[PDB]
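Colleague: Residue strings, one per chain:
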Amino acid sequence: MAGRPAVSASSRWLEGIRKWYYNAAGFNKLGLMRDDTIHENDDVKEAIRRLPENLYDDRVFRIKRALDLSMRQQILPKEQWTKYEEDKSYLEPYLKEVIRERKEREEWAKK
Amino acid sequence: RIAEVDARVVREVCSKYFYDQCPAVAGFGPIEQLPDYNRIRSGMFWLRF
Amino acid sequence: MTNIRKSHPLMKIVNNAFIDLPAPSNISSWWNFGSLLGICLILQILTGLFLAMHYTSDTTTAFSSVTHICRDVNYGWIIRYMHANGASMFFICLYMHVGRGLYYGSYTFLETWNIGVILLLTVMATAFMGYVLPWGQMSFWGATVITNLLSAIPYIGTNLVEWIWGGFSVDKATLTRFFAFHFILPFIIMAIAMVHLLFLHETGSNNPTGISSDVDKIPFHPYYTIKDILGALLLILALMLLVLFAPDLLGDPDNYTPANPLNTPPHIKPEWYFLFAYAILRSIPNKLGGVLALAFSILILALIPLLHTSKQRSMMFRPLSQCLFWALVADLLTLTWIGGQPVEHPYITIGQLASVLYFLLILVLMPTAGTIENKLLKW
Amino acid sequence: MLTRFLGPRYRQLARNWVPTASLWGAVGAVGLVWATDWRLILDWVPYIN
Ligand code: HEM
Ligand code: HEM
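Those protein sequences? They're chains S, N, P and X, same order as listed.
Here the first sequence stands for residues 1 to 111, numbered as in the deposited numbering.
Here the second sequence stands for residues 398 to 446, numbered as in the deposited numbering.
Here the third sequence stands for residues 1 to 379, numbered as in the deposited numbering.
Here the fourth sequence stands for residues 1 to 49, numbered as in the deposited numbering.
Calculated directly from the structure, the hints in this document are not laboratory data.
Take every hint as true, because none was put in to throw you off.
Pairs of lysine to any residue, SDA-like flavour, derived with a Cα cap of 25 Å:
hint, chain 1, residue 1, chain 2, residue 2
1, S, 88, S, 60
2, P, 287, P, 145
3, S, 29, S, 90
4, P, 12, N, 429
5, S, 96, S, 85
6, P, 227, P, 109
7, P, 6, N, 441
8, P, 287, P, 359
9, P, 269, P, 297
10, P, 217, P, 16
11, S, 103, X, 2
12, S, 45, P, 378
13, P, 311, S, 98
14, S, 45, P, 109
15, S, 64, P, 319
16, P, 311, S, 102
17, S, 64, P, 108
18, S, 110, X, 16
19, S, 78, P, 322
20, P, 378, S, 80
21, P, 12, N, 440
22, P, 172, P, 61
23, S, 64, S, 80
24, P, 217, N, 434
25, S, 103, P, 308
26, P, 12, N, 444
Examples of chain P residues lying across from chain S (beta carbon under 7 Å, computed):
hint, residue
27, 26
28, 209
29, 376
Beta-carbon label-pair distances, calculated as ranges:
hint, chain 1, residue 1, chain 2, residue 2, range
30, N, 432, X, 21, 49 to 57 Å
31, S, 24, P, 261, 57 to 65 Å
32, X, 24, S, 97, 37 to 45 Å
33, S, 41, P, 154, 36 to 44 Å
34, N, 443, S, 106, 54 to 62 Å
35, S, 106, X, 29, 32 to 40 Å
36, S, 43, P, 201, 20 to 28 Å
37, P, 349, X, 39, 40 to 48 Å
Ideal placement from N, C-alpha and C gives every residue a C-beta, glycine not left out.
Build out the structure end to end from the sequences listed, making use of the hints.
Modeller: Written as structure tokens, this is what we have:
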């Protein structure tokens, strides 16, 4: 149950479309996870500040080496890419709480 | 040997090992401000940096 | 005495933005057009000032003074053509500066981006006003059709059209005003460009990745000054290639006959950097609709930052939006191609379709592209 | 305050600025008319007809 609202996508089945898009996006070739490429607004920036030191420091190096790869216009070897199944959201739990906090704060103002 | 050192010797000896030579830099700690090597290398000569 | 603590209580502290400014390491060549744009301003002003020392705005001796510049002034022929082709290089550089922001999401710098549109509008005004200066049957008639578009404005059209014209039509009164206006506006652009940087250095620069580059900033002086110098030479090579090997390749041949209000040119058209906007106006038979679409297409840039939908900033990891971005660039080239062609039955159909697609892509398809991928990435 | 409704507070804030906003628009109207002696506005006033 993935891909498109239809039960079957254009290029057969539904789950493989997201897998196909992950390789098409190409941020795994740089050694970055999905949440390492997110837009840093006033919400995401706070949710980064709550990251544990072991996870925040890991994110820094993944970004640091990706810019080195982008500077040289290169990519990581085929064995060092971020697998689609092994990519996990290390920032979604923190984003959701800031979503919850901001929604309560915003709605409390209008009362 | 110490009594035979003067300004001319120091100017010649220092310029032979310090001037325009590539230095080796080692850092540790919060070295974000530490200048880039090209900025460090260009500090090895005057009026041309 | 601290070498680092330099002559700080002076103007060098401002110049620290040129030497010690942190910049992303992964800056590609598409960023070089920022420094190229500044060189284009300086080059245009330098050649412009020396052109203004022999150009006379009176109608009876406007065209003849341009001929005197090339024929009589020592080395005056090259200066006229680096000015004529510098504007071509200006708008070549100007359109890639806008395109990079579209692709790399630099419009998230709301203050800088908005000042960028103001900078864009000022140059197109300066370029249009300077084209009328030679007064050569393309200057008179190119300004005639475009300026008369303001008559479509309701209840104030003819009032300001004459106030622009200084009379009932384009004449010597308009010509003198344009030369004075063409002299002042470029110096306004320098002031705005300084403000343009002031709204950017506070928030840093952008990278092709689109992620924050605070972890991998490098000094500007030893890495980008030599990168901009190489980029400058590629601009000088490209500009000088036109000037010395095909000076009239871009300019229309009809501009070499003196302006004659009683005679019309075989085909009327602006310079190549406005042909993309001419097609949009010509798409709609209505007069009021055409002028609005002409202004809206240029002013749609300010509406772009409010249309962002994707959770990623740059288009580097957005393959669906990449297919649309080059469709917009290709369509913008279709508008440029069809702008210089007469309004006949093949270009009437293609002209409307290209124009309706230009607005449809940015307003509908691009925001829908970001939403589709956002769903496709579990967020 | 009532169980976190949807935009009641901003409605109250808007109503506070409505009387001044309506009078502020007079400056934009009269001032523009004053600038260019607009023909069909300077006809109802008794002194300036
Ligand atoms: C961003 C700045 C400028 C732009 C984009 C610009 C653009 C142009 C263009 C497109 C032309 C038409 C030339 C032709 O088609 O033959 C022109 C002509 C001219 N410009 Fe400018 N210009 C700029 C600044 C200046 C300045 C600062 C001056 C004077 C100080 C100046 C003086 C002239 C003169 C005298 C002409 C008529 C001579 C000729 O056409 O060769 N321009 N300009
Ligand atoms: C004479 C005209 C202009 C000049 C001299 C100028 C100058 C510059 C320079 C030097 C930069 C920094 C260079 C770089 O970061 O690559 C910059 C940044 C920028 N400008 Fe302009 N600009 C002009 C017109 C425009 C236009 C037409 C736009 C249209 C959107 C614009 C929008 C931007 C944006 C979005 C940035 C962000 C750069 C970044 O994200 O790193 N500017 N401008």
